[PDB]
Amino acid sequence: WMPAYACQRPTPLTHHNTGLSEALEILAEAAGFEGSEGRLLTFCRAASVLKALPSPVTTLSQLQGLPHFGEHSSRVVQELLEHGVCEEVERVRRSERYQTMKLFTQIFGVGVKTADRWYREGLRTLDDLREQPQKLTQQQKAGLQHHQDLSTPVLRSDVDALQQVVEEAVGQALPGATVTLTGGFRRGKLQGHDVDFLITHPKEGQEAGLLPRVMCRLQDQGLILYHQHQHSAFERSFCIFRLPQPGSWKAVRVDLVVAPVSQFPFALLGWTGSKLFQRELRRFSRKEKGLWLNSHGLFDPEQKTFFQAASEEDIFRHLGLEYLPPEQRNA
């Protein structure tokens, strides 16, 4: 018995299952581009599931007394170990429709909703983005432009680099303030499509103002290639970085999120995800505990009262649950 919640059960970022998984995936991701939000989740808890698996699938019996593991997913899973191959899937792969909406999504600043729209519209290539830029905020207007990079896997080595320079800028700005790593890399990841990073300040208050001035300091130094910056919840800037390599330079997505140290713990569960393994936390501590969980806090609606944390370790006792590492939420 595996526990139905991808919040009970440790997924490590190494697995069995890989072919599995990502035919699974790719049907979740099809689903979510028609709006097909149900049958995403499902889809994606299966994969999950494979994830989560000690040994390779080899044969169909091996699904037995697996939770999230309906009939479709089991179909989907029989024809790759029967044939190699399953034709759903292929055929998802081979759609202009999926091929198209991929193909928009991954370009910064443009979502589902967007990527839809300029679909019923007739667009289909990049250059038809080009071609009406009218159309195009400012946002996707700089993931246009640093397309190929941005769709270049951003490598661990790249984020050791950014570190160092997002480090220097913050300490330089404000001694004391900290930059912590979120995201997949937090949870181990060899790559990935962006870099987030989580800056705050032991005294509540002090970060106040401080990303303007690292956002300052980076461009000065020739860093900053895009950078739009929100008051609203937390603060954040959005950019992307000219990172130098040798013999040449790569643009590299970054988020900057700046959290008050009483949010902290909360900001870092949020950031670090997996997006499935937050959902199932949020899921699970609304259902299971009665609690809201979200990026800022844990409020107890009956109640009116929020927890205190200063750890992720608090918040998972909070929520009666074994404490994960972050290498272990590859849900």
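Take the two forms, find the largest set of C-alpha atoms that superpose within 1.5 Å, and that set is the rigid core. Positions refer to the first chain, counted from 1. Compared with the form deposited in another entry:
The only C-alpha among 96, 127, 220, 87 that moves by 2 Å or more between these two forms, given a superposition on the rigid core, is that of 220. In a rigid-core overlay of the protein, residue 144 has its C-alpha displaced by under 2 Å between these two forms. Core-superposed comparison between these two forms: the CA of residue 208 exceeds or equals a 2 Å shift.
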The other form holds:
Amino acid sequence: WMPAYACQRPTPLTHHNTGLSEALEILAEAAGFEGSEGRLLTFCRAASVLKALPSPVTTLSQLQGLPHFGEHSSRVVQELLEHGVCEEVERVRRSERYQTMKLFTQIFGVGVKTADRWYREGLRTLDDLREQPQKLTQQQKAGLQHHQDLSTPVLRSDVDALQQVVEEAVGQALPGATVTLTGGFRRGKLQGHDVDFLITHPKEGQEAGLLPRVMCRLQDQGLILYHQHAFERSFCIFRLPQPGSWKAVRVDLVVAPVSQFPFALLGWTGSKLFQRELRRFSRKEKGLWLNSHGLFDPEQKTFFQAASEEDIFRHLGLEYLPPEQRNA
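For comparison with the form deposited in one PDB entry, would you give the structure of this protein in the form deposited in another entry?
Partners and other molecules omitted; one chain follows.
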């Protein structure tokens, strides 16, 4: 009854198994810190199965038949149902390794590999990193300076005002260019850790060279606290107004030609697990290669022309899911 791929079932933003999904996601995250991407995926997939269920899981027998629930994930759920707490999950939560890798990897510019190396060197706190700043990249220095603000959620209420300053710069850079809100906010989220915008122009080719022009105008307006600088993705830190002040916010800007816009919209709208599952489904079940630029048939060596996300789901033989049901 429950299909094995998350892109085959609707997954709403809020659901009926929040506590169980959150515990499995802790185990997924810990697997990621240890470099076990397979274990990370299984725990994330099991969590997403629960998000897709129509009612709360009451008893272990309701997990029989569900995909991605074997010995380990089933024992986690069983302990939460019987005791309200999973010993394994709480042990991870209070471990020094978990807490430190979580704190380090949440820094912009620090990935699992860097956080792991710092952990092995004996570092444990942000103040530890600030005392040896010559070891840091410029990106990591910015992530560390702005860490407090960047750890505060961006509110959907902030986004409209930010979209209009981006739209102003985009319109000067290229009249007729459009800005589309993507990411979690497009899936209905009321907060997020960053804002994601997709930029295009209805005349194919006109978008070439656009993003540098946009970033030069935003920087001239004094709005850019950090950015990396030809390119098509920019990961920047923006000055967002607040009452009598301002706060730093992460903003991602992406440019796509209009021919690729449906693929880019699909990819940047997520969720991350949804898109990994969709790409896995495309390749393993349909023999087609999917990315944020297009959908390739490697037999005929042809790209599928899409005018909408609906087109892409149809070409993969999948029932259409609106963004709000892509919260795997």
